[PDB]
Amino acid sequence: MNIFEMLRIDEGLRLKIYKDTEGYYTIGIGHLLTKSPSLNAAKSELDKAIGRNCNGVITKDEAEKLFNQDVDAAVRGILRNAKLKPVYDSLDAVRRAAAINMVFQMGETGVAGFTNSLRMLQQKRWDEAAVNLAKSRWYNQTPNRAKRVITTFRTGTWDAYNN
């Protein structure tokens, strides 16, 4: 297990534009295209991202390319964020993957807003952190996914992903 396999489990793989859990146009492995309700706007973003006229459909190789970029972008987001970087630097590799997962799903700004959880994580108060993390819109809207990510922070194991 690693961050790629983890996110592939959490996000799935779809080769045609679909709507994510928030109703937003998405493709591939959780590649958000736009928050606009315009399918045409989403198709335009897709064509810009892939570099050809795709008419809403991509290949598996293209999906994996966008995914690799998106994982890289999440890590970059963390390292450039003054709230996230000290916590990330404090974590072991397994828990780092949990943090990347969160940023992938919610964005850098959104995760930087989990001030109290981040402090508990930095303190290595894992059970406390896990309780605090679940007091969130995130948990309430995507509870099975959030439970997996929280288990990963709580235990520093991949036990929630041995599917």
Contents of the next structure:
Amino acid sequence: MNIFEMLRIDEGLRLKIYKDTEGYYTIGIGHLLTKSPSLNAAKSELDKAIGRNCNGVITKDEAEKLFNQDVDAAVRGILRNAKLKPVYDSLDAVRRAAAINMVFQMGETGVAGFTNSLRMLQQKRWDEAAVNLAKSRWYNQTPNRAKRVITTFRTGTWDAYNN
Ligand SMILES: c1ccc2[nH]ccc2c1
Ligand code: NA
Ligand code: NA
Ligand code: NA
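What about the form solved in complex with indole, after the form deposited without indole?
The next block holds the full complex; its first chain is the one shown before.
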């Protein structure tokens, strides 16, 4: 297990444009295309991202390429964020994957709402953090995925992603 296998479980893999849990056009392994309701706007984003006229379909290789870019960009965003970097750097590698998972799903702007959780994680109060993390729109809207990410922060193991 690692961040790539973890997000591949959580996000799936679809080679045609679909709508994510929030209703937004998406492709591949959870690559958000746009928040616009325009399918044409999404297809345009996809063509820009892949570098060819795709007609709304990509290959597995192309999906994995976008995914690798997306994970990298997520982590580099964390390391440029004065609020997030110190918490990330405080964590072990397993918990760092859980942090990237959150940013991948909700963005830095979503994670901005979790200041009190992030403090508890920096303090290594794992059970308290887990409770605070679940008091969220995130948990209520995607509970099974949030439970897996939260278990990862709580335990510092991959137990939620085995089987
Ligand atoms: C950096 C980014 C996202 C995060 N979620 C929990 C801790 C943490 C640190
Ligand atoms: Na992808
Ligand atoms: Na992706
Ligand atoms: Na886990």
